[PDB]
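Before any questions on how it binds or moves, here is one chain, the form solved without its partner chain, in structure tokens.
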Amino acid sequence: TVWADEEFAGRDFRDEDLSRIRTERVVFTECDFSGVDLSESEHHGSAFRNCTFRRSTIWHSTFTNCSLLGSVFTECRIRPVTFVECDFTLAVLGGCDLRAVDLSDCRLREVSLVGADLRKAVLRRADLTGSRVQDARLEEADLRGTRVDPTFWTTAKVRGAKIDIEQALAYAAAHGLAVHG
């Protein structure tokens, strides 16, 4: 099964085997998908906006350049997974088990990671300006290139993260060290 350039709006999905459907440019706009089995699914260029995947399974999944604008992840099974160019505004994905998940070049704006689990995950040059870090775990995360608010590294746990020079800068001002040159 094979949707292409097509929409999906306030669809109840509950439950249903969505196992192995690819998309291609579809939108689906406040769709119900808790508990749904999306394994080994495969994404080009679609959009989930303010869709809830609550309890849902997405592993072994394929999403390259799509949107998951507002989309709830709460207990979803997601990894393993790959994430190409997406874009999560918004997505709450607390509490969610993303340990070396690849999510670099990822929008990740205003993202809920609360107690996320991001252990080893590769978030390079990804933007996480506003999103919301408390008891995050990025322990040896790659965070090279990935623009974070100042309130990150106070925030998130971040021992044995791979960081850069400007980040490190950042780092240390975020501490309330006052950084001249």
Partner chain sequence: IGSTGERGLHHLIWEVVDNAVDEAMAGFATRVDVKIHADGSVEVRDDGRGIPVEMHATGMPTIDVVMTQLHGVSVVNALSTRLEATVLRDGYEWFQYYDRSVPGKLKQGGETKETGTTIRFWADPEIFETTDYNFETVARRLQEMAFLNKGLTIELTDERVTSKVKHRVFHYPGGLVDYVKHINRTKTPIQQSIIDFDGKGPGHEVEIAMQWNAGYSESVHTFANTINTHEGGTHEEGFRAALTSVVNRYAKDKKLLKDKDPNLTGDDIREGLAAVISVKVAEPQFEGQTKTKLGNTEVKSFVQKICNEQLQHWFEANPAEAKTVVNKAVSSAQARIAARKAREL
Contents of the next structure:
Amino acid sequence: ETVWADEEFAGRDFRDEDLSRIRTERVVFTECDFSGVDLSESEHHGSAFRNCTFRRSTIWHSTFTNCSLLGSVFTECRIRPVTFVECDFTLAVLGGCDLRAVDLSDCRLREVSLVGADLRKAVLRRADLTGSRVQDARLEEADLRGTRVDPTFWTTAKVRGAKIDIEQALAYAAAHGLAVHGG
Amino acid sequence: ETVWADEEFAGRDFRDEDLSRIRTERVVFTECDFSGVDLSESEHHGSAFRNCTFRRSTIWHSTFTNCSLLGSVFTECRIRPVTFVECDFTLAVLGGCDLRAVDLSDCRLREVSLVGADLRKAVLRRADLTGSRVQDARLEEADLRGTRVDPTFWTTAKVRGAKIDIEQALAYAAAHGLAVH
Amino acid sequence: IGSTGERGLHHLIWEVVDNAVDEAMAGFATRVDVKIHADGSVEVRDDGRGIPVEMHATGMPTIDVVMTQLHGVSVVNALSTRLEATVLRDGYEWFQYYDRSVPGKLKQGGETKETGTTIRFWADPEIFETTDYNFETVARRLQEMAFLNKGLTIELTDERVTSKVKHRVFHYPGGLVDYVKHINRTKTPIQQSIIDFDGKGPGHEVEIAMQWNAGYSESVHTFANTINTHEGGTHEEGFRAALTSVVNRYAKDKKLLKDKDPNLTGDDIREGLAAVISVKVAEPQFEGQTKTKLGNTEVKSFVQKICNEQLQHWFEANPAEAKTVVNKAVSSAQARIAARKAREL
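One more: the block was the form solved without its partner chain; return the form solved in complex with its partner chain.
Shown next: the complete complex, the earlier chain at its head.
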């Protein structure tokens, strides 16, 4: 599969295309339309998908390593299972998405929409979820150890059975109005 | 000062007695009736009040030091202000009682009924509340540091603004189903 | 303190090794040797100046006052069934021992012009849950120390078979430059250069190395007197403010960013940044009970001042690389502004 490298695509409409099994290295997709597109078994190293739409697309069985997804929309995207290593989802829309058991360890999820998102059993270690919207989000049995979250996260997300660290347990109590004394 | 010492009273009805300002030392009261009785400014050292009733009594300004209140009923008792030092309240009934800002530090409160009890700003340091019933119990801004509680305590009692220790914060999370560490 | 698990056991090692690294930072030690012996003792040797040997004011030799009374290696002595110190100083070899911290009589050996210190301690198994040190942990910490002390070779030998040894040598003549090369190994630099500069103030010094990669993450590592300030602090805030200013000024000067456009944010400029910031502070001040955050007020403006001068210089001298880095931050800034406008509508 011919490797795409060091190319920019700007405002390009791909809805007409099969993009299954494509391999990109340092390719920048700016405001491109991937609605309904097959992107399955594709491979991306240092590529950027910024302010793109993945509405009703398939990216399952793909690998994204050190990629940007900044501002991209994943509404009704077939995502899982998938590999993301150290990807930036800043300001992306993942509302209602099925991300069950997906590993987003060390990923930036700053100001992401996860409204109604299913992250049951998701692995989120050392991820940054600051400013993210988690109204109705299902985090049951997720691994949250080391994950940076706003205090409201603890009164908003469904976290029954989630794994957390000592610092997070103290924030959980403070978020529910307990006054914790270290002394 | 009327002093009773090393005496046992069994099934005795005290309702028509003024017992204000009495002192007891090592007195055992078994199934005695103190309903409506004035016990104000009274003093008790090593005394035992077992399955006694204090329904609608007054114990204002009283001191109980190392006493048992085992199974005794305090419904509508005028309690605060009061001094309890190192007392055992096992199975006592304090449902609906006004215990706001009362100090029960280092007291055994095992299997106590605190159903609908008001303990706002109560001081409960190093106490044992194991097996206690705290449905509708108000613990807002209570001092709970070092207190032993069942996990259901954290999902049942109203504890907004309560003071707790690190270990209790871990138990609060576990009681809500978080897996800590 | 520490804890009484892997975190605390290892802190014994860090306390002895730190005293060696202090000699290095002072320009007197060049070599630190660390051995994990088959008996579970740890030996640390340095070619420093030696722990002082002569009679203190206390009414005991200065080494004894270093090993018994707290506020240092005292913590190690106190948590060890035995400690042994061999010191080369004042023209003689010396040997002193401690059994549960109780000193023996300082003994004078033979003459030598050599100077240095060797500390061997046996962690108390009645205190620590596990006395079973982790080779990979120790190696990762000593490598980090080597990156931060250019002129220093650090040798590690583990003699425990769970007779073959596990051996490593950590020597990085490039210092922070080698650290950045390590950080960027698995990434794609977008500039041939690694930026390296330093500044000297009264009661403080700073060294910075940095290089941009093609990626979308920030890998910036911060140190105050050799310690890893994991929660960051005033040296990192100093650096951040100076980098944001220099790149905005330059982007405007070279017209890579329009007059009327908003400033680039730190998120935009530090996308793909590999950087190390090492400060020295004569009187350090730490925040949080973690103690991993530098709070020293005057370090912010010191670091900011130095970075402003040295980054201006570098951007001015290196137009082709500067353009690549500013264009990367400009394209990032345009995606972040478009993402936010679309989320708020």
